[PDB]
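Enquirer: Each chain is listed here by its residues.
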Amino acid sequence: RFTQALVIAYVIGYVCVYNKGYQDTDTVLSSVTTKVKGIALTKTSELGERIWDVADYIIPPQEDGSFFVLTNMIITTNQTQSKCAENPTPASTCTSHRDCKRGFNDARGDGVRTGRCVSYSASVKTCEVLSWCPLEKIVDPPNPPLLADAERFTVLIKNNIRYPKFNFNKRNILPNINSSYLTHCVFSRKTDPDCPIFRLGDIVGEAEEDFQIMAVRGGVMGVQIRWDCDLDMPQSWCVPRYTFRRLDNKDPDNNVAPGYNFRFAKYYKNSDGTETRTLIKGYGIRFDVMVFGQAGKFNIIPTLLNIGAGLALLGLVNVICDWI
Amino acid sequence: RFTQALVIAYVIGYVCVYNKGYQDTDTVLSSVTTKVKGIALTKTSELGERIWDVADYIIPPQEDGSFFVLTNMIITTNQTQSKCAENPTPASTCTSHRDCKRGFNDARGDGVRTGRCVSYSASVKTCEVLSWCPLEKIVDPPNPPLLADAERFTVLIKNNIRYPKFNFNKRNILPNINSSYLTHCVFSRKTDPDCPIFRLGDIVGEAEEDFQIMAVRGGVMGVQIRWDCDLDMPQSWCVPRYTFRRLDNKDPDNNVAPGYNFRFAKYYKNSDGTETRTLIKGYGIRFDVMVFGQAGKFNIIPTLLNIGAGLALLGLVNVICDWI
Amino acid sequence: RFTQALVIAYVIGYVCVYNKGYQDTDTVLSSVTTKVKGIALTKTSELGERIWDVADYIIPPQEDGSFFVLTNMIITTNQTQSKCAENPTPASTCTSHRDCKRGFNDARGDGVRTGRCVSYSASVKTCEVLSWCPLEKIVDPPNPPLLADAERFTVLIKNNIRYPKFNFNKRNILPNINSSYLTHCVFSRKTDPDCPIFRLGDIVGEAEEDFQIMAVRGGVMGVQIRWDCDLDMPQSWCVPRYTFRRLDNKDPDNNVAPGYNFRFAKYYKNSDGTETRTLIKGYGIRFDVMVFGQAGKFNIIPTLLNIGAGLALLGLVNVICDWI
Ligand SMILES: *[C@@H]1O[C@H](CO)[C@@H](O[C@@H]2O[C@H](CO)[C@@H](O[C@@H]3O[C@H](CO[C@H]4O[C@H](CO)[C@@H](O)[C@H](O)[C@@H]4O)[C@@H](O)[C@H](O[C@H]4O[C@H](CO)[C@@H](O)[C@H](O[C@H]5O[C@H](CO)[C@@H](O)[C@H](O)[C@@H]5O)[C@@H]4O)[C@@H]3O)[C@H](O)[C@H]2NC(C)=O)[C@H](O)[C@H]1NC(C)=O
Ligand SMILES: *[C@@H]1O[C@H](CO)[C@@H](O[C@@H]2O[C@H](CO)[C@@H](O[C@@H]3O[C@H](CO[C@H]4O[C@H](CO)[C@@H](O)[C@H](O)[C@@H]4O)[C@@H](O)[C@H](O[C@H]4O[C@H](CO)[C@@H](O)[C@H](O[C@H]5O[C@H](CO)[C@@H](O)[C@H](O)[C@@H]5O)[C@@H]4O)[C@@H]3O)[C@H](O)[C@H]2NC(C)=O)[C@H](O)[C@H]1NC(C)=O
Ligand SMILES: *[C@@H]1O[C@H](CO)[C@@H](O[C@@H]2O[C@H](CO)[C@@H](O[C@@H]3O[C@H](CO[C@H]4O[C@H](CO)[C@@H](O)[C@H](O)[C@@H]4O)[C@@H](O)[C@H](O[C@H]4O[C@H](CO)[C@@H](O)[C@H](O[C@H]5O[C@H](CO)[C@@H](O)[C@H](O)[C@@H]5O)[C@@H]4O)[C@@H]3O)[C@H](O)[C@H]2NC(C)=O)[C@H](O)[C@H]1NC(C)=O
Ligand SMILES: Nc1ncnc2c1ncn2[C@@H]1O[C@H](COP(=O)(O)OP(=O)(O)OP(=O)(O)O)[C@@H](O)[C@H]1O
Ligand SMILES: Nc1ncnc2c1ncn2[C@@H]1O[C@H](COP(=O)(O)OP(=O)(O)OP(=O)(O)O)[C@@H](O)[C@H]1O
Ligand SMILES: Nc1ncnc2c1ncn2[C@@H]1O[C@H](COP(=O)(O)OP(=O)(O)OP(=O)(O)O)[C@@H](O)[C@H]1O
Ligand SMILES: *[C@@H]1O[C@H](CO)[C@@H](O)[C@H](O)[C@H]1NC(C)=O
Ligand SMILES: *[C@@H]1O[C@H](CO)[C@@H](O)[C@H](O)[C@H]1NC(C)=O
Ligand SMILES: *[C@@H]1O[C@H](CO)[C@@H](O)[C@H](O)[C@H]1NC(C)=O
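Chains as they are written, first to last, in the authors' numbering: chain A, 36 to 359; chain A', 36 to 359; chain A'', 36 to 359. A prime marks a further copy of an entry chain.
No wet-lab data here; the hints were simulated from the structure. Heads up, some of the hints might be wrong.
It does not matter which identical chain is used: a pair holds within one copy or between any two.
[Claimed, not checked] Pairs of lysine-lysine residues, derived as DSSO-like cross-links and limited to a Cα-Cα distance of at most 30 Å, are as follows:
(1) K118 / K55
(2) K332 / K200
(3) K193 / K172
(4) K70 / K172
(5) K200 / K285
(6) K316 / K304
(7) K118 / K72
(8) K118 / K172
Same shape as in the complex, but just chain A:
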């Protein structure tokens, strides 16, 4: 009896109301584009005093569902194909030319050996290599990071979605939004919740992380957009909701392999018309954009079927009381 009304009454509240078994259900089809805005100033030793704008700090300019913002750098300029001593190291140090085999090439080395053992300094000798010389100096990335200004950068995240079963289209620029608003707004939980232009600092902060710390060696940030919509309700709900998680750093006890960095270059031709290269070991945050969602709507079919299933238990409650 209590078991009866408990079950019969349960299949309603539990499955039909709470779990909305009366609803037909779709998953979201999503597309996103992003644009980052902001300007960093750096004075280093020595490229001098320099600005970095969007075309400088987003590598590459375009990716589908993510963007990478440069935070820190180690820059080696005026490289050319030439010979130079490798950086001092147990595998690179030498005394005799015989230590360095010509043509010797190992994945972790600075180039292809000549092989001569040559002075890296007055204190130390190293195997000569054919490489892009000068080699990158061995040093820790600058703290504070050169691109600290990037905490204040903003990103417009534009997101189109559709729910095919329901022929329902929407965009995360809401209908109450307009051009002006985007001329000024920056997303805020309190004053600007419908602004899809987020401050990078706020993104990482809301994930309980410190941009300036994280900017030194770089990292990976998730931006999640959940579109969960009961289409029985007005189309005015069915708004995106935003969470921010840090993706990397899943074993913080390690000092092993922190952050995110990669190398890239800018090539030039010089007077003689021979190539020279600027190599950057860049550190930054990859912002990864992830869209999920499920739309429900009322349908009789799932209702019925779920009731057919529902009573199956309703009868064999008391039937099973005897069935033992």
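Position chains A' and A'' with the ligands relative to chain A; hints supplied.
Expert: Only chains A' and A'' with the ligands this time, still in chain A's reference frame:
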């Protein structure tokens, strides 16, 4: 009785025949590469008369499951790190130097302020900034778009797929295809259905969109390849099928944030050996390639099980007639 | 009876033990970054003797969940916007200027026609085009491939994962790993199984492919990381496991459209300050990184429910013996 043969007869037609419950079922593993071919000519004011080929208009050259084709541009050439007046704007206009705080930097501004209030023109003064100068002029993207020729571009979409349960491998270059055919063919529903080289114009047109309109501010195009295969049938069916949808523009009543654009640059060293930069605000279409599919095959197990389930209803039709 | 203990005993072994129906179950959230290390030497005709390092051979430097390594190249240098004869071809050959319509532009041609019919050689005439000239010569990619050294390249694959239900975080740099180890280790099934730095050669070899063959025209390699974890066991299991599959080449009987290649360029300004371009048709392997996994953990609920379901068959074994 009618309910009997209706159910007993139903679990067969409905689930076993229509819904193929007698089949073991896999989902597709997919991989795609793409190559775009074509050449655009532009005469602008003034880079002059210029061609754009694949290495000019695909940014970047390589992405996994998508490609971006440049359609329109705003190009600012001969930039260097220097000082210049910001573009006229409620936030940038000034009268007194005191209006412009040195070091002032806001995400939406043209650079880092000096701050001096200087002439932007004879009519107007603006805060000076350290930036890449000259700044980009404020203007609408060219209509017609500079890259209109891109409607006639073609893209080879090569797609490998496998169904691991069934050890079934296939490629969207069909076995009846050959090298010559690819030397000439362009996909057509009527004459060239097995040509996997699609004209961009036809892609967007088939999605009921107008390439030249869409090329002005850019946009996002879905290309869907469904591989749905009943492996009971000959391996000669199990061909890919193509649909084309536009992904963005999901709230067309808005004038807010149309299309797709991003900024990127080309760096050079000049006489003095100081950097100069060409900044492009590029507009284009992102073509996004999406592969789905499910392979069925005959298996007795799903048959049996689905019958065990099937009769469960068959008996309690008439049993439930009494059960009330 | 045998059917009884067979079923009753079955729902335990089969579903609860083998299929672990007593477990709550999550799917993995994953993130990966990669870094490739190594240096190739090339002597070609004629860019001369040249090294290629990470900034030379990874195009682009950064992608989410994949990386592309250059293996072979065809390089055309000193291109500028100018006129030249198209490469000899049934569609490009001519006798009369009248064969070449000015402005004529077809997706598969070398440029925009002048149109004049001009000498491509002493033997042959071809339509003149406005293009980036000189055009790329028509030739087979070098065998052996210029970048054969890339077989010996290494890639650090760093992978963070979480299982939200279980609040479980881990990284594929295991807790028994340290900095030194990464200073030296390369992944080996036998001696270095916890080294997440893989030799490209070993990746393709383990997929039963030949790097040097595959390097000529390029290809696509899958790297799969399965994290399947029974969290009832110690967190010390729940290690990633690695498989390596080749993704493309799913119809090897074809000579049609082998491998992976794309075109890209490097732009320069010359003396006069007019653009010149190096065009590379690059061939290489796309390494695609794929992370899957399911974590189980003990929960009473799934246990109970699965028993409720389990006995449903247990009773109607002997009940159904009569039910016919
Ligand atoms: C384009 O799209 C924009 C975003 O949707 C629109 O902005 C919105 O405009 C409406 C009305 O114009 C704003 O309405 C709110 O009304 C509240 C009460 O108004 C009342 O005041 C009267 C006093 O005489 C009273 O008699 C009546 O009751 C009357 O209705 C205001 O209190 C509220 O203002 C503030 O409160 C919010 C905090 O909860 C905060 O969100 C607001 O933020 C906005 O302004 C601050 C600066 O003050 C900016 O920093 C933000 O960027 C933001 O612009 C504000 O603090 C407000 O007046 C509504 O707030 C507003 N939304 C936002 C967030 O802007 C534009 O109207 C649209 N433009 C066009 C042409 O349609
Ligand atoms: C490489 O791969 C290619 C693509 O699979 C192959 O092309 C295919 O070649 C076959 C046979 O060579 C073509 O066969 C068709 O046969 C039809 C009837 O043929 C009959 O004609 C005889 C007359 O004496 C008759 O006695 C017999 O009955 C004989 O069998 C033709 O009508 C058909 O031609 C046209 O009809 C199609 C419209 O429905 C259309 O698809 C065709 O398109 C092709 O040609 C046009 C130019 O005309 C091009 O613009 C297209 O790109 C395309 O090439 C055509 O309009 C056809 O002859 C078969 O059509 C053809 N498929 C295609 C699409 O090319 C090559 O044979 C392969 N090469 C090698 C070496 O194996
Ligand atoms: C940082 O992280 C590293 C990786 O986890 C650690 O390396 C590991 O260090 C442990 C102990 O230091 C190694 O332990 C193994 O112990 C075996 C038996 O040891 C026994 O020998 C004694 C003899 O007197 C005996 O009395 C005791 O029983 C004692 O315990 C060794 O046989 C084994 O060595 C070899 O066998 C393995 C083959 O199955 C092979 O994996 C090992 O590979 C390592 O060394 C080769 C060169 O020999 C390198 O090429 C590899 O890169 C690798 O470094 C080796 O062939 C071993 O001594 C354990 O093997 C080791 N793991 C690896 C793979 O390095 C470091 O200890 C950590 N560093 C710090 C500071 O904590
Ligand atoms: N990262 C960002 N931070 C702040 N504002 C932005 C950002 N991205 C875009 N906006 C602003 O939002 C509005 C719509 O952006 P959209 O990129 O569609 O237009 P746009 O004309 O290309 O923008 P812009 O030329 O200013 O980059 C514009 O007014 C634009 O300036
Ligand atoms: N976007 C495209 N439009 C038209 N034809 C194409 C396109 N992409 C490739 N093809 C042609 O399809 C065939 C196979 O392409 P694939 O790229 O595998 O060969 P390829 O020799 O690298 O081609 P190519 O050197 O002409 O770019 C070639 O004949 C190629 O010219
Ligand atoms: N592809 C690779 N092959 C071999 N070793 C690598 C590779 N990638 C990284 N390593 C080594 O693994 C360790 C951690 O890599 P990580 O990139 O996090 O550090 P890093 O200081 O940026 O490395 P590096 O400056 O040497 O590229 C470093 O010692 C690094 O040299
Ligand atoms: C560039 O190259 C020369 C040697 O080739 C070097 O001495 C000079 O300092 C470099 N200049 C720059 C750009 O720093
Ligand atoms: C480049 O720079 C100078 C000033 O630095 C400018 O006057 C000149 O017009 C520019 N030339 C080009 C490439 O348009
Ligand atoms: C570059 O251009 C000229 C013609 O513009 C050509 O004759 C010369 O050989 C080229 N030089 C190079 C870089 O090979």
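Enquirer: All hints, please: hold or fail.
Expert: For each hint, the structure was consulted:
| no. | hint | result |
| --- | --- | --- |
| 1 | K118 / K55 | neither (71 Å within a copy, 61 Å between copies) |
| 2 | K332 / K200 | both (10 Å within a copy, 27 Å between copies) |
| 3 | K193 / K172 | between (40 Å within a copy, 24 Å between copies) |
| 4 | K70 / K172 | between (33 Å within a copy, 19 Å between copies) |
| 5 | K200 / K285 | between (38 Å within a copy, 15 Å between copies) |
| 6 | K316 / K304 | both (21 Å within a copy, 20 Å between copies) |
| 7 | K118 / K72 | between (41 Å within a copy, 19 Å between copies) |
| 8 | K118 / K172 | within (15 Å within a copy, 32 Å between copies) |
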